Amino acid sequence: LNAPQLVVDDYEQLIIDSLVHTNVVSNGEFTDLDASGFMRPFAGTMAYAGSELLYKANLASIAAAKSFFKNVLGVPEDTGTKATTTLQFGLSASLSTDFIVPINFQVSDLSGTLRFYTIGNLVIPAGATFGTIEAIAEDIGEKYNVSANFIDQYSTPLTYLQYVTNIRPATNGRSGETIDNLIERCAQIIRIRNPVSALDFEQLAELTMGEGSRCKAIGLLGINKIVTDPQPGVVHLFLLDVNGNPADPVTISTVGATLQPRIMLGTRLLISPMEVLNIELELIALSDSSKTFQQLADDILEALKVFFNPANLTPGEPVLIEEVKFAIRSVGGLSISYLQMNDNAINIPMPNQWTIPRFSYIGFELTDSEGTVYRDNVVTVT
Amino acid sequence: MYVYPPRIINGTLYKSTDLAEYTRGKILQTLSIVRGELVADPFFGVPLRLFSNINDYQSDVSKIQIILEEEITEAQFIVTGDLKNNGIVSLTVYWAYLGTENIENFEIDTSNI
Amino acid sequence: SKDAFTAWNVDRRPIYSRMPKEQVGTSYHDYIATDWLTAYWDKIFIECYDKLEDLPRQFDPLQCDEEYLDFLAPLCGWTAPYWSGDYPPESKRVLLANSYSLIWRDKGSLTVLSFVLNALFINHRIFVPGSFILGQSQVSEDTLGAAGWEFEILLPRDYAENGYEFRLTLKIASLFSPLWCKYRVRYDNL
Amino acid sequence: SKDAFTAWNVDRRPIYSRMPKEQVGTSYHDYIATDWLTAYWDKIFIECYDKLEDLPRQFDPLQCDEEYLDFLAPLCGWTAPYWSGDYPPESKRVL
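Chains as they are written, first to last, in PDB author numbering: chain m, 5 to 386; chain V, 1 to 113; chain l, 2 to 191; chain o, 2 to 96.
Hints are not guaranteed to be accurate.
Claimed, not checked - Computed beta-carbon distance windows for the label pairs:
1) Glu91/l - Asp156/m: 48 to 58 Å
2) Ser138/l - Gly214/m: 33 to 43 Å
3) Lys108/l - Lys229/m: 23 to 33 Å
4) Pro234/m - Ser138/l: 21 to 31 Å
5) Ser175/l - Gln192/m: 29 to 39 Å
6) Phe134/m - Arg13/l: 53 to 63 Å
Unchecked claim - To be clear about the criterion: a stretch of chain V counts as covered by chain m if any three or more of its residues have a C-beta under 8 Å from a C-beta of chain m, and this derived list gives those stretches:
7) 3-11
8) 101-110
Claimed, not checked - List of simulated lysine-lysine pairs, PhoX-like, C-alpha gap at most 25 Å:
9) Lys70/m - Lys52/l
10) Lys15/V - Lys86/m
11) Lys15/V - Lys26/V
12) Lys15/V - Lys22/o
The hints are simulated quantities; they were obtained by calculation from the structure and are not laboratory data. Ideal Cβ positions, reconstructed from N, Cα and C, are used throughout, including at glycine.
Generate the whole structure from the sequences, applying the supplied hints.
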């Protein structure tokens, strides 16, 4: 139900009520309520100590909730992170022995306001002219987050040490966290879910592969990729790489290494490259002279590049000539008269469920009301 | 917040989280602007009278004190004037930040730029 | 008007330490009765303070005390069919500690089922039926294959047929194995 | 509080040139950060100023840019088939 209140609303009321109780218990014989009375200092001291105790109880309940978040939920409470960077120390000679930079070496910026300290001992091996180690800020706060090469001043010289810098910008410096951020971070843990359907299985793969890539998940499709032979507990994944090409073995392996700990018991995950069917277009259209020929060609080319973008294509689905005609006509300045897709004027069905279209060639034949003819051939392959 | 004097420190504008040095920057901004300098507010700024004999040399001190009192309500200001030898009139502005109770030292002062 | 730290942590008399003393000769601290009367309330307040200090520990299933395990179980999503008072407290600690990080996050996976079974001290092997077993199958003629939605839980001979371990692992498999998968609990032939 | 002519045409810093300068040592012009922070805004303002200055030119078909011929077409009364977007830019100017 509702959250109980731990603190007392009014402690003077508490003192008063304990003194009304001194009267009630004694049957109307204890009638002194002022500070000069015997009971009042005792009651007031108890009330004050109790106020401290209840404040500590409130703090303890808050801390218990935060401890549940940290241990059970796994969400630490951010009360301030000291920014960290990667210092590089560059020596002025190739020493025959190991150069030891001791722990807690202090470096600073030009102003001297910001001070970082190395978190460990730097051991530059013999014959090595530089070495890197992580350093941490002196205090929490966002003010320690600086760009690279701003943390270079060191007041304590070392022999053979030429320079000290930070190759990385200092990051992860925060002064605290509001309760709402902690609550949303805790709630994100509960929302964690494994892919169970085709769609989220594809989304998990595309997130790993990168933006511009596609995946397709087919159930019960065996290794041989035979539709008439269903194989129980099998989820075939077909991947199109970030560049639009079928995924290379490195991509297959890195997607598998990411999705293997996510399949449940009794499921076999298969990953295969997707297939591409090349679409060749020939177009004869009549311009309305509202645009130049080159502008029309460029606009149609961009519209078809968007239409055949892998993200806009569902693999295994036929390429409808009506949809291509609509995509071209949506440019506006033309009127399509003839369109041929792969030397035909019909829809192109795909050989199997795991083939995505990819258009590679278009032949422009544009005409205006004046009879001027603009001919071009654009090869869109990468 | 960005204190008055625009200085690019560590690649960015000097942003401070302490209100005492921000108030000090406000005092410096008010004293560094002459009435009429700004086009948006040509009445903001201290009134400057430079080339005149030193007879009513406390009136401008009082005016500066009043202007500092009205503009900056987070501090208490006392302005004193002294006459030097050649032509120098030495103004001393004693200010205390009401947020704090003791004098607050700033670490940007010791830093050399 | 003492600082709380001295009264609660140094003196450990949050009430008596706050009693008047400045006027020596006649003060509350000058009479032993004031010390005697406030002793019990100081002791009770200090006991409650120590309990409150230890309270954040009590929300950590690993380190906490056994009285809070059943209290924390609803917070981790464990209830009557999944949870049980009969569970050994060490198993309760292990199950509660890894509920959000491993169990509910990846429920249905082999790792989660094996982790739950190991938490209850049930030695087991999860075996997917297949035509090729690495232990004994021969390379020249045996064929590769898999079962699909089938698996088995094989237990050592130390456990008795349909004993505590068999039926406990049956319950755990029902609660954590995917519902559409066919499973069987058998004796490990190794 | 200086005049527009100086700030926009001579200084070409319509914002920075207006920052107070009188109190030497501690003033906006005494710190280079003030010059750096306002440089982009002065650049943008001067670019728009030059665009606005050339704007009256852009309404002369002979002198305007080709981007304004299609904009000036309805102004001159060319919307129906009389006008075409495939017309040569020079022919558009003459018409």
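Here's how the hints hold up against the structure:
no.	hint	in the structure
1	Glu91/l - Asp156/m: 48 to 58 Å	holds (54 Å)
2	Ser138/l - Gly214/m: 33 to 43 Å	holds (41 Å)
3	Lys108/l - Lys229/m: 23 to 33 Å	holds (31 Å)
4	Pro234/m - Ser138/l: 21 to 31 Å	holds (26 Å)
5	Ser175/l - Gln192/m: 29 to 39 Å	holds (30 Å)
6	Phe134/m - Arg13/l: 53 to 63 Å	holds (57 Å)
7	3-11	holds (count 3)
8	101-110	holds (count 3)
9	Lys70/m - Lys52/l	holds (17 Å)
10	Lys15/V - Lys86/m	holds (18 Å)
11	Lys15/V - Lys26/V	holds (14 Å)
12	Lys15/V - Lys22/o	holds (23 Å)
In the structure shown, no violation is registered for any of the earlier numbered hints.
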